[PDB]
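Asker: Using the sequences and the accompanying hints, generate a full structural model.
Chain by chain, the residues run as shown.
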Amino acid sequence: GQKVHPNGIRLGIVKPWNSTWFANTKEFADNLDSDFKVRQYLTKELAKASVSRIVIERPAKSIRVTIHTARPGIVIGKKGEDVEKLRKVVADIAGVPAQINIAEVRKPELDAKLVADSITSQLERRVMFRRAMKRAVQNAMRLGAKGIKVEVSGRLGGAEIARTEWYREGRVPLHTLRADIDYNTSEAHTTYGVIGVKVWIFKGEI
Amino acid sequence: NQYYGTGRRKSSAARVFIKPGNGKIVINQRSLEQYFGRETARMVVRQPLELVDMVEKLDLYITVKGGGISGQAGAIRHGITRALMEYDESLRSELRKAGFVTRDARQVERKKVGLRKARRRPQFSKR
Amino acid sequence: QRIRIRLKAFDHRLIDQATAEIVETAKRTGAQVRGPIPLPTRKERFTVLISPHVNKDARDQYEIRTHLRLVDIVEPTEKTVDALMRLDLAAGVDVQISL
Amino acid sequence: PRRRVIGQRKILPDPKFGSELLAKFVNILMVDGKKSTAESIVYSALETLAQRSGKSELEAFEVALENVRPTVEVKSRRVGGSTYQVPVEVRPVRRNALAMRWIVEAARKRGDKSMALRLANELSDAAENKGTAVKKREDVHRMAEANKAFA
Amino acid sequence: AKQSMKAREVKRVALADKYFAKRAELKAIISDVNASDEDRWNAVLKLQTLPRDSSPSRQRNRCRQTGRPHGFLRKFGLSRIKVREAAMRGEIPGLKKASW
Amino acid sequence: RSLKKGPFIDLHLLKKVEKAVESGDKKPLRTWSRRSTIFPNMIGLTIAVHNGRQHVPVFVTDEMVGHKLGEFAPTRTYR
Amino acid sequence: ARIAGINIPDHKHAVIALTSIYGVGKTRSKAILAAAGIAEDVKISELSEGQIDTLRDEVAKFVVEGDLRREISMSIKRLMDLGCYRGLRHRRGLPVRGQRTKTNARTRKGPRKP
RNA sequence: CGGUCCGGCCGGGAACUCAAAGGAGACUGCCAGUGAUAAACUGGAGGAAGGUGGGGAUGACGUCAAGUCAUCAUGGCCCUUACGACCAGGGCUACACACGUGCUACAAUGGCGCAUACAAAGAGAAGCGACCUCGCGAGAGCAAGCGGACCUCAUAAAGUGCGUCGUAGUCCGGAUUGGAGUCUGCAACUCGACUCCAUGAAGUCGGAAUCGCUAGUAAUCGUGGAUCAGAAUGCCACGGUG
Ligand SMILES: [Mg+2]
Ligand SMILES: [Mg+2]
Ligand SMILES: [Mg+2]
Ligand SMILES: [Mg+2]
Ligand SMILES: [Mg+2]
Ligand SMILES: [Mg+2]
Ligand SMILES: [Mg+2]
Ligand SMILES: [Mg+2]
Ligand SMILES: [Mg+2]
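Protein chains in written order, with full-length UniProt numbering: chain D, 2 to 207; chain W, 4 to 130; chain P, 4 to 102; chain R, 2 to 152; chain H, 2 to 101; chain F, 3 to 81; chain G, 2 to 115.
Hints should not be assumed to be uniformly reliable.
[Unchecked claim] Here are the computed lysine-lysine pairs in the BS3-like style, where the Cα-Cα straight-line distance is at most 25 Å:
#1 D:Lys-16 <-> H:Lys-76
#2 R:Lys-36 <-> W:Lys-68
#3 H:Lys-23 <-> W:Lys-115
#4 W:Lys-114 <-> H:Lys-76
#5 P:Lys-46 <-> W:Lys-120
#6 P:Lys-46 <-> W:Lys-13
#7 H:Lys-28 <-> F:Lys-17
#8 D:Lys-16 <-> P:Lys-46
#9 W:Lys-114 <-> D:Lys-4
#10 F:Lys-7 <-> H:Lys-23
#11 D:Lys-62 <-> H:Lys-76
#12 P:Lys-46 <-> D:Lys-27
#13 P:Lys-11 <-> D:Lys-62
#14 H:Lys-47 <-> F:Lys-29
#15 D:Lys-27 <-> H:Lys-23
#16 R:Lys-35 <-> W:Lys-100
#17 F:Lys-7 <-> H:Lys-28
#18 H:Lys-47 <-> D:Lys-38
#19 D:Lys-16 <-> P:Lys-11
#20 H:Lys-98 <-> D:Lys-4
#21 D:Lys-45 <-> H:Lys-3
#22 H:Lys-28 <-> F:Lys-6
#23 W:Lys-68 <-> R:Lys-35
#24 P:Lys-11 <-> P:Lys-46
#25 W:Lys-13 <-> R:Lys-11
#26 W:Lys-114 <-> H:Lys-98
[To be verified] Computed spacing ranges between beta-carbons, pair by pair:
#27 W:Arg-109 <-> P:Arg-16: 26 to 34 Å
#28 H:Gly-68 <-> P:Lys-46: 29 to 37 Å
#29 W:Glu-92 <-> R:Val-6: 47 to 55 Å
#30 D:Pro-17 <-> H:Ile-31: 52 to 60 Å
#31 P:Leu-42 <-> G:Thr-28: 46 to 54 Å
In short, the hints are calculated from the structure, not lab data.
Backbone N, C-alpha and C define an ideal beta-carbon position, used for all residues, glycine too.
Answerer: Here's what the structure looks like:
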């Protein structure tokens with residue numbers, strides 16, 4: 002059947018928001034489009050920079066973007082070389098002054114978005130989907146994941162009839178709200194269509 | 004010192020104060036007869052003063068907010084009984100038997116998506 | 004006279020933790036502190052259709068809880084005013100100063 | 002009622018005479034969840050019935066109820082494609098519940114000026130056993146004695 | 002929606018603040034004052050000569066990313082589909098699946 | 003139907019009614035303005051009112067004053 | 002009883018008895034009895050000929066019965082000769098005010114036929 | 001309690017109603033019967049709550065090449081001085097009909113007139129808009145408070161008390177149409193809502209057949225909201241009686 006978003010259902014239980022700011026009905030829409038526009042710029046620019054998560058908070062009349070990345074060195078640059086050029090245009094998009102924070106993603110093979118983006122970038126290089134899935138699973142399980150599940154949908158390997166294939170190793174309790182389930186998506190834009198990647202990583206309870 | 008007992012049923016909330024002497028009933032600065040236009044709603048507040056004897060033994064200053072006629076009346080019934088145990092505590096046995104100590108947890112069920120009411124489902128058509 | 008602080012936040016375990024900071028900072032620097040007064044939460048409910056096309060009964064129901072806190076400080080001591088003004092509070096909490 | 006073996010809800014007695022059987026009767030008459038206007042029709046019909054029959058408001062109801070009260074009824078059962086009517090002895094609780102239901106339904110089908118008048122004249126017809134309500138017990142009787150072989 | 006349909010809305014906004022915000026509002030309140038000019042105003046006639054797209058009522062509320070004219074919510078400025086997509090990623094603050 | 007505070011008329015059509023009075027009656031007045039209220043200064047003229055495809059010519063009468071020009075130009079073909 | 006337009010009002014209450022005339026509803030009947038100085042909850046019995054003619058003179062002010070029927074009919078025919086949308090629908094026996102014709106329009110069309 | 005313009009309204013009181021953060025509590029735990037001494041069920045005690053206490057959220061592997069290339073994204077195909085683009089007017093609202101979902105009815109458990117008791121949950125600055133005044137009215141003019149447990153939308157209606165109608169196509173029922181208007185909007189002819197006056201269709205309880213609902217449910221009675229310049233009998237939500 003149809004499943005509930007594992008990140009969405011756990012918001013407030015064991016999962017945090019990607020937008021912490023407060024606003025009234027007046028500027029809630031204006032801030033939400035500004036949030037979309039700032040994420041859009043940074044995902045496009047820091048595509049090779051391995052960006053996993055983007056957190057936006059608005060202290061008074063300012064913007065505080067916290068870029069979660071597996072490669073902070075390429076994001077920061079030569080003694081703030083790349084942070085300064087990003088902050089300069091984030092302040093232009095948002096209107097209010099900008100402050101960018103860089104959070105280091107230690108074990109990226111345990112991050113749903115980075116695992117999904119790795120499978121997506123691999124499928125576009127013409128790698129075998131089964132090899133890409135098995136490697137994603139093995140890498141996660143050997144690094145301490147209590148359980149993992151990776152799903153790839155549509156025209157697999159260039160095939161005419163679309164299939165939905167998945168690998169699962171360990172425990173993946175999607176019904177336990179207490180459970181830490183990191184869920185994310187990624188789309189592989191191949192020469193023969195769009196292949197959707199879905200990754201579930203169980204890290205433990207509480 | 005005044006003997007107090009809180010009583011509630013549905014969205015109604017009633018506060019009951021007990022002081023000995025006479026058989027007076029004042030609800031929101033009004034009389035028992037002036038507030039309730041139904042005698043069935045008048046008899047339910049008289050119910051705790053049947054098993055536990057009172058004709059002119061004790062007075063009651065009562066105030067109720069929210070709900071409706073039977074809601075407010077039912078809430079006061081629960082309050083008198085709670086103020087009655089506050090005064091003795093040996094009256095618990097008689098009040099349990101009549102079922103006045105129990106808070107009636109029956110609230111109106113929410114309207115659900117896809118349904119015309121709380122449970123009423125829209126008319127089905129095969130073809 | 005009296006300084007009225009009105010706190011607004013979508014998260015509850017963030018509003019009363021930022022409120023505790025305001026109450027403590029004021030009562031430590033010697034002021035008369037009324038509250039934390041818990042004012043009613045405005046539950047903005049939203050019902051969106053979960054299917055891109057057709058399927059009218061299938062829906063998603065969400066809410067935005069807007070928690071309210073009222074802190075009234077009676078003594079406007081220079082030791083209290085300056086202590087509260089240079090306080091680092093949570094970025095997701097709105098502070099309304101009423102003179 | 003396939004697996005779950007439920008009991009029966011014990012309703013509060015009558016606010017006037019303290020009768021549980023009358024509390025069942027007011028609810029049977031009651032429409033659109035209007036209990037206030039429901040007991041108002043039942044008390045006005047009882048006031049006009051006992052006055053025009055020789056008092057005893059509880060007993061005048063009982064005389065009219067004893068004539069409509071059925072002893073046996075048919076139960077629809079399909080065994081081999083064919084639908085057989087099996088005669089079954091009704092329980093004392095349902096005995097009164099069917100008796101009261103036919104009194105209300107026959108008074109509703111009457112052409113009098115008010116429901117307090119329609120009910121009183123139906124309870125008067127039932128006390129002397131010559132109405133639409135006693136005939137519903139009569140048709141239920143002729144149906145039971147006919148299929149007496151499949152008992 | 003279409004790029005042309007999105008562009009048509011930018012024009013309807015730019016013309017809404019140019020005229021019917023500081024000029025056409027002045028001649029509409031004038032076409033309501035009973036005390037002054039009951040026949041010789043021409044304000045109803047000069048309102049016509051102003052562009053059509055300048056009226057604020059002629060503007061349609063569309064999903065700020067896709068351009069969807071249906072299923073809109075002013076609170077988020079997005080359509081019900083893109084509201085759900087951002088709500089599940091936690092991109093909408095304080096918004097979570099409610100039950101009561 | 004509308005507020006008594008001035009009946010409505012299009013300026014491009016109102017100027018066409020003015021030009022037709024002083025210069026004398028011409029051929030049917032080709033106009034798309036169906037929303038305009040008929041004034042007494044129109045009685046006798048031939049206004050070609052659009053229906054969606056062709057311009058329906060309607061001879062203006064005294065009883066036609068107050069009504070809209072689009073009432074005398076059927077929009078939907080039904081046979 | 003006999004008032005204005007030949008009709009013979011029943012021996013019911015004054016306000017309901019006056020609604021029998023074509024051109025006088027609930028409001029006109031309440032205003033006619035208020036102007037003539039007569040009660041609304043009084044029957045035709047006790048209402049002498051001196052109280053009847055004062056109501057006849059009162060009701061004579063507004064167009065009623067046959068005089069009103071031709072006035073309604075004249076405005077219907079006016080729209081028809083004009084050639085307007087409003088008139089073309091009184092001529093075709095279909096809803097004039099704008100109501101849907103795809104379904105439910107049986108009051109103006111009349112009962113259906115296969 | 002002190003003071004009364006008899007209004008929590010003002011000093012005050014933190015008792016209580018309530019508001020909202022944390023915490024306790026219910027587990028067949030106890031007792032008895034049934035049952036393979038088991039599981040479990042039944043009944044009872046205590047308890048605000050008893051056997052997943054009430055309601056929701058939560059929808060396994062998969063099934064129907066089921067729905068959506070018109071939310072968006074997209075392999076391929078097709079148009080590219082046109083299948084693109086701008087504009088006015090029209091159409092999506094047509095009407096011999098048929099089916100599905102609803103609203104309102106057919107009435108005295110009801111219609112009408114006056115008097116009157118009791119809610120819950122929401123919305124609000126390009127906004128909700130009081131009080132006052134004008135109009136029979138929809139509204140209009142003037143103009144406080146309120147970004148809101150403070151102010152406003154907003155009088156809850158069923159119900160109750162009295163009076164009337166008295167089984168009548170009616171003081172039921174409101175369709176349809178005529179006349180005059182109100183507001184929003186550049187603009188209400190096609191094709192808006194609402195008001196005032198008049199009109200007063202069908203319908204007196206629905207064939208074959210068929211649907212919902214097991215308790216604060218059905219039935220009924222009002223209230224709010226999203227979209228929205230304006231446009232709800234739909235939808236989403238709320239309590240009253242029951
Ligand atoms: Mg596009
Ligand atoms: Mg619009
Ligand atoms: Mg009449
Ligand atoms: Mg709690
Ligand atoms: Mg579960
Ligand atoms: Mg198909
Ligand atoms: Mg299809
Ligand atoms: Mg009527
Ligand atoms: Mg069930």
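Asker: Broken hints, numbered, in rising order?
Answerer: Failing hints, ascending: 3, 14, 16, 18, 29.
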